[PDB]
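In this view, the complex is presented without one of its protein chains, the others remaining in place.
Chain nomenclature is as follows: A, B and C, assigned in order of appearance, with residue numbering initiated at 1 for each chain independently.
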C-alpha cells in the first residue's frame, strides 16, 4: 500500500526491493544509485549468487526499471537532498547506502519530498526499532528511524524471550558471521580496521560489533548488561549468534526450549523461529526469520549459565524486517 | 634421542613426524600404516597443501622411508598387536589412527615390543596430559598416556593462567574450528553425527566437543566448571577459542593482559603465546604454540565477566606438543 | 507412470528422487541403501546445502519413506542380487552407487525382479545414451543401460550441433569442475589417484576424465576426434566445459551462435541452453539443462579454430536426464 523509495542498490537495497515484491507489503516506486545505471540494475536484480534468479520479470522499458510489470523511477543522484522522491510518489525512503546514518545526513531525503526515512543500519542518534521487540513504541512524530543491525535483529528477539522468562544478569555474544561487501578478496587496505583488510577467503577474522550493546536501546532493562564481538568466516551468507548468559531465576534447558517454542508459535511468529532439527547454516539460506533458535546446538553448564545458538540469514532476514517495519509505520498513519 | 614409532600416517602422523625432524627432540624410526604404500608415503610427506613442501629430503630407498638421511622402517599392519616396534628399535609409539584410544586397544603396541604408547587424542581411561599444565604429573609407572585434544591444549594453558591469578567460577567455551578429515566435500553419510555430514565448504557446522569439560581432568580444581561446543567453518587450518568466564576476584582487562603476557615470557614460553597485533587466523599457520592469547580481539562486560580469545594451529601446535610430551617422558626415564 | 527403484541414496540417488517428484515423470516406489536408515533418509532428502530444502513433504511412516504422500519401500541390502525390487513393484532400477557399473554387476538387479537397469555413471560395456543426442537408438531389447556422465551430457549436445553444422576435424576439452563426494576436505588417502586426495578447499586439482572420448560412442562420427582432462576447483556445484575444436567448414562466431541458439529453441530444447547474459557458475545452480552455451565467454582465433564455453549443473542437470531417459524408455515399451 505505502509507496517506497530505495537509496542505494547494494545487497540490502536490492534484497529489500526483492522482499517488497515477494511479500507485497509495500510498493517500490523509485530507486536512486549514482554508480549503477538502469541496464546494470536489470542484471544485478535479476541474477543473485546467494538467493538465485528472481522469480518474476525484470526489464528496462522507457527509462524505467520494470519488475513484475511495475515501473520504477530511477535516479542517479550522489546527493540525497536532490532526489525528487515526491515527484516519483515515494512516501517512505529506505536509506541503505550505509553512509547517511546520522539523523542530519539521512534527513536530506525529506528535502526531495519524502515524508519518512528508514535507515537500514544502526544509527548514532536515530531511534532504533526491532520487529517483535520494541516496534510498538513507534509513532507518527518520528520521521527518521533505524532498523538496527542484522545481528541486533537476531540477538534482541531471543534476549527478550530469555529476559522476560528467567532474567539476564549479564551476557556475552559472539557472532560467527558470513563475509560482507566491506571485506576484501586478498590482503588489502582497510585503513580504519586492519583485520577487515585481510583476505576474506583465507581467514577467520575477529571484528568489533555494537550489536549486543545495542540490544540495551531496544530492551532498556538490558542496558549495560550485554556486549560482544564477531568472527567473519568464509561463507557467502547466513550467520549464527552465540549468547553466553547468566540468568537470575533457575532455567532447565527444556524450560528455555519450552518458552522459546511458545514465543515462536505465538506473538514472535515469523520473527523468532525454533528448531530441534540437525540444521547447518545453508539450511537458513533465504530464510525470512530474524532469529531461529537451534535447540540441539546450545549447551547449559548449570541452571544459571547457558550458551544459546540462533541462526540468521543476515541478508534476507534483515531485508524482510525493513519491509515489515514500513508496513507497521504505514498501518499507524 | 628416544627412538619413536608412529602408528598411522594421517594428518597427525605426518606432522608429528615433520615436527620431530624440525625440532630434533626425538628420532623417528618406524611408521606403520596399512592403506599407504612406501611410494605414497614419500609423496604425502613431501607435499602438504597446508604447510608447504617439506624443507629437506625424502626418498624411498631399499624399502625404507629416508627423511634427511635417516632411514625409517615401514609396516603395513592392519592389527597393532602384530607390529614389531621392538625389532625396529622404537622406544615410544605414537598412536594416531584415532580408533585405538582406549587403554585396551592402545596397549597392543606393547605386544610388538614397544615400552610406551602416547595417544594423540582424548582417551576414556588413559591418563591425559597437557604440556605446561600437568606434564610434571607424569612418572615412569605410566606406559599408556594421552596428549588430549588440540582444543584442550589451547584452552588448558589459558584456563590455568586465568584460574591461578583470578579464580574461574564457571566458563562456557566456543571453538571456531577449521575443517578436519572427518568432514565431507558435499552432503554425505555421517550416520552418528548428521551435521558433520553436511558439505564442509558450504556450511558453518555446529558440533559437540568435550575439550572444555576435559579441562577438568588436567586442572582438577576446574572439574565440573567448564563445558562448550564448536563451529566447523570452511578454512583449511587454524582454529580459535572463545572462552566466556566469570571470575570471583576483580580482573581489569589490562590485568588479564599483564599476567598472560608474563606467563608467555616465563614458564609457559613456547606453549602459550601473547600478541597485541591485529591478527587473523592465517597469521598462525604452522605456528608451534598450543595457545596464543589475542589481546585486541577479547572483550569484558565488567571486572568479573570476560570473553577471552586464543588462536591455535590445530594441526602443527598439537603435533609439536606430542613431540614435546615424548621429549619430557625421556628426560625422566 | 513407470515405477522406479533407486540403489544408493548418495548425491545422484537423492537428486534423481527429487527430480522424479518435481517433474512427476516417474514414480519412485523403492530405495536401497545399507548405510542410511529410514530416519536419516528423511533428513538427507529434506535438507540439501546445494539445492535448498525439499519443496514438498517428507516423513518416515510405518517403516516407509513418504514423499508428497507417496510411500516408498526402503531396503538395507549390501548385495544387489538380494534386493526384492519386484515385490515393491520397481520395474526400472537406477544403479547410482558407482560400484556396479559393468553389465555383469548391474545385471544383479534383474535377480530381485527388476525389468531394466539405468547406470547413472559411464559403463565399460553397457550401451550409453545422452538425451537429445542418441536416445532414439534405445529400444526394448535393452535391459542394462548407462546414461553416461554429467560431463558427457554437457559436451555431447554442443558437439552434435557443432559437428552437424560445420564438422569437427578434432577437438580437446577441459572441464573446470565443482568438488565431488570422492574428494577430501584435507590432504588424505587416495591410493589410485594421488592428486584426488589433496585438500579440495585449498587446491585446483588436475584430473583425468574419459568424458570427451565417450562422446565418440554417442556420436560415432566423432570416435577418435575428442579427448580432454579436468580441473577440480573449490565450488560446491556447477561446472563448465571448454571445447577447443578445429572446424572443417568456415564458421564465424556469429554463425556458431545462430545454429546453437536455433538448436536450443528447437529439437534440443530443455537439454541444450543458450545465453548472451553475463552469467557466472551460480546462475546455473539447479538449472535442469544438460548444457548451456555461454555466447560472451567463448572466443575464436579464426574461422576454423574456436573455444566454446558451456555450463552444466553437474548434479541437477544429470539427475533430470536420468528421469527423462526412463520416461522415454516407458514410452517405447
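The criterion applied here is as follows: a contact is a pair of C-beta atoms (placed from the backbone, for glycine too) under 8 Å apart; a residue touches a chain by one contact, two chains touch by 3 or more.
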item: Residue among C:46, C:111, C:165 or C:282 that touches the chain left out of view; value: C:282
item: From B:249, B:269, B:277 or B:332, residue that would touch the chain that is not displayed; value: B:277
item: Sole contact to the chain not displayed, among C:176, C:181, C:259 or C:330; value: C:176
item: Hidden-chain contact residue, picked from the options A:2, A:19, A:36 or A:65; value: A:36
item: Residues belonging to subunit A that touch the chain removed from view; value: 10-11, 35-37, 40, 43-44, 47-50, 179-181, 183-189, 191, 194, 197-203, 234-237
item: Contact footprint on subunit C, counting only the chain that is left out; value: 170-172, 174, 176, 194-195, 198-199, 202-206, 225-229, 231, 233-235, 238-240, 242, 244, 246, 278-282, 294, 296-299, 301-302, 305-307, 309
item: Touching residues on subunit B - with respect to the absent chain; value: 43, 47, 49, 52-53, 277-280, 282-283, 285-286
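Just so it is clear, only the chains that are shown with their structure count from here on.
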item: Approximate Å spacing (C-alpha centroids) for the pair subunit A, subunit C; value: 39
item: Multi-chain contact residues (two or more partners), subunit A; value: 278-280, 282
